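Shown below is the structure under consideration.
Partial view: only certain chains, each at its native spot in the assembly.
Labels run A and B following the written order; every chain starts at residue 1.
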Amino acid sequence: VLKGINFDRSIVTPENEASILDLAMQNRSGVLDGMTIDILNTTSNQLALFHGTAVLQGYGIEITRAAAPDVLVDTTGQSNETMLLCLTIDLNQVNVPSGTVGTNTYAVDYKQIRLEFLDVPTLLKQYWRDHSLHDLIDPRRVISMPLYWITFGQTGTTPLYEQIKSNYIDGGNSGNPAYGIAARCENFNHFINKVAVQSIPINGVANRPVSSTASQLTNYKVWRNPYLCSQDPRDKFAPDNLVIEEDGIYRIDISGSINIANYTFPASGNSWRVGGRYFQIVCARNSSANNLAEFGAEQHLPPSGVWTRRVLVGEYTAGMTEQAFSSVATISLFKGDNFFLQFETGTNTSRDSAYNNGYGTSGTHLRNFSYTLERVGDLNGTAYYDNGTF
Amino acid sequence: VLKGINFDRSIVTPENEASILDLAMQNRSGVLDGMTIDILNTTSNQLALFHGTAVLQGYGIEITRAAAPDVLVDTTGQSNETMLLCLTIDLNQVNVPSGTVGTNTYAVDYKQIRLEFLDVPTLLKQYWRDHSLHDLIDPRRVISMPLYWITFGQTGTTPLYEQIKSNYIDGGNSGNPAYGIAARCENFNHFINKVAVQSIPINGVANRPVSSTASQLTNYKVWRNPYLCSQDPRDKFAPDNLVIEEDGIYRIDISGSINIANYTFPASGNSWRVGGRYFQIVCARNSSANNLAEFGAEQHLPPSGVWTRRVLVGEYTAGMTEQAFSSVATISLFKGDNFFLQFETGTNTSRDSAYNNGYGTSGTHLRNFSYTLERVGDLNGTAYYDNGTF
């Protein structure tokens, strides 16, 4: 029958308002404030955490402050292991109330909530990002959120820790937690290698032209949303590739210029005319490598016929020292994909190349180059096939 | 007096949390999951629907699963008619509870909820998109959401069905249901007709250059959000025009290049110089035709002085074989409007035309052309006049 949830005679239940808060959170779970490690109160038998608030699939969880230590987690028996400190909801457990709402003594022992140590495969099997308490097809009773990588040493030592920033809603994303910017950078200058195909380094290090003969690897300001993407973990691909952590339709914006752009000089033989040289800037996706996503999670397989390369800018050099370009596109990306940008031209400098024979500032380079990658849509349901192939 | 809704001594009512869920839904109503037709359990006297969840102006509605058939709708008396299967809320009705919260027997017969067949004019008069239970000026007691076009044949036959996808929150839009992408496409190539003004086909079919003498109508990947826009229903305008289904401020992104671009050849008579040829790419809106919106609904009239054409790219050809362009603009669009893109140039190929005299690959064409149309703002209240004219 047709059942009302929010109607005059309805009873508003706990799952109901949890389902409402989950909707209000754009189906994202995470720590809203605090819940960071407290090293001062951390020993070889206990791990301490500061007070804070978290939302796990619409259920509000709080670590209360008093007097510190705000909370203590038992580390006894954990040694010579890398574990995940997890916040877990277990709906098979029973919450035990005590006292009364009449007196001012009502209290609850929330046995449905746990702070625990799990190994990577156990967490993955009950990770909120892949499974749900509210799931249509496979509804779960136990769900977890990883907070920290905890590396325990020998018995009697305090452990090493690494925050799982993808599970903390810190800032930059308040208001649109499941969307917004994935990656962005400030303007940078990058030397064009004398090759037909090359990636543009989008991860914070560019080969900056410094003199008339030399270029040097120089850092530039870059930012990544750890919930949406991360720098490739393999050092071969780390300067150029992003790993996508979340499926969706993304917008890619690029702008910059090609400086010291090559062309065929106007001479009497070519009727005093500029011979333009073809170049293109492409964005690309690649899913050949599995397990690139956080925790080595299984990649989300793209639909059949999915794109791999897309031209953003395709034109000829125009005989000027510097020529500007700009491009904006929406593209489908999948969890576990590599995402990168490529510059493409011919290799014959006297005939078809957009680059010259010079080096450093005297050689062809990208100048004032920048990009923004933003999640703008999801790939749930029908969209996966209708919108996911391009 | 100043009344509190969420305060210590307040009583949180059903309309209250419905108003909260409606806000959390960005004032969009629709089926969240399931509620699709069940043909196997559909006869000539009954129409079956699968289990699912829907939100109608903040009221949660559920069709429960058990044993199938999840729900049955009476089709007796319906013959030789095209009807709308609607989910309706009727606040004039009384919900009948039974049993008790003490025993485990509390149940409700939600007579305020109906699955029914309505004709187009009846649905339009109580459609959630145009009228509201929460409305300030004209508050309603009965509101409906159309789910399927149901075409009943002769007495004794099973009917034909067409899903009303604008009223299903399937995917691509979870998290920002009233906004996001309206339309997007992959890169395509389109031959420029030897005319002064022409539309660029944005609906999935382009006139692709295939040989040195010929171009052929070729499909390209395109996607449309049915809640925001649809392909024009008139075949004359179907390859080029979108119909806007929702008012708002939209962002239009375009990029591509003009290939085999025409110019005046450098000769001794013009001092060995390139004679550039003017062209422009414009976006346009037109509201002369009423009833283009879904169900033939009345168009929303734009404010006085509203724009009709906007230049996105305006420049000269530069003497190169291929020249890239890009443009991004925010524009106001109204429910019932036609939206389209136009390429504009001169008609004299030896003097002012951006196009040449060739055909197919030998003729001037758009190459790597793509666009994204996105809803980025609404036109409610004051914005209608301050932001709605451009």
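Heads up, the rule we're going with is that a residue touches a chain if its C-beta (ideal position, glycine included) is under 8 Å from a C-beta of that chain, and two chains touch if they have at least 3 such contacts.
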Quiz item: Full complex copy number, with 2 in place?
Solution: 3
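What we mean here is this: only the chains that are shown with their structure count from here on.
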Quiz item: In their complex, what parts of subunit B are in touch with subunit A?
Solution: 14, 17-18, 20-21, 24-25, 33-34, 58-64, 71, 87, 95-97, 101, 106, 108-110, 112-115, 170-176, 180-181, 184-187, 221, 223, 253, 255, 257, 266, 272, 274, 318-324, 326, 328, 367-368, 370, 372, 374
Practice problem: Over in the complex, which subunit A residues touch subunit B? Could you list them? | Solution: 1-12, 16, 20, 23-24, 26-27, 136, 176, 178-179, 249, 251, 266, 271-274, 276, 278, 307, 310-316, 318, 325-330, 376-384, 386-387, 389-390
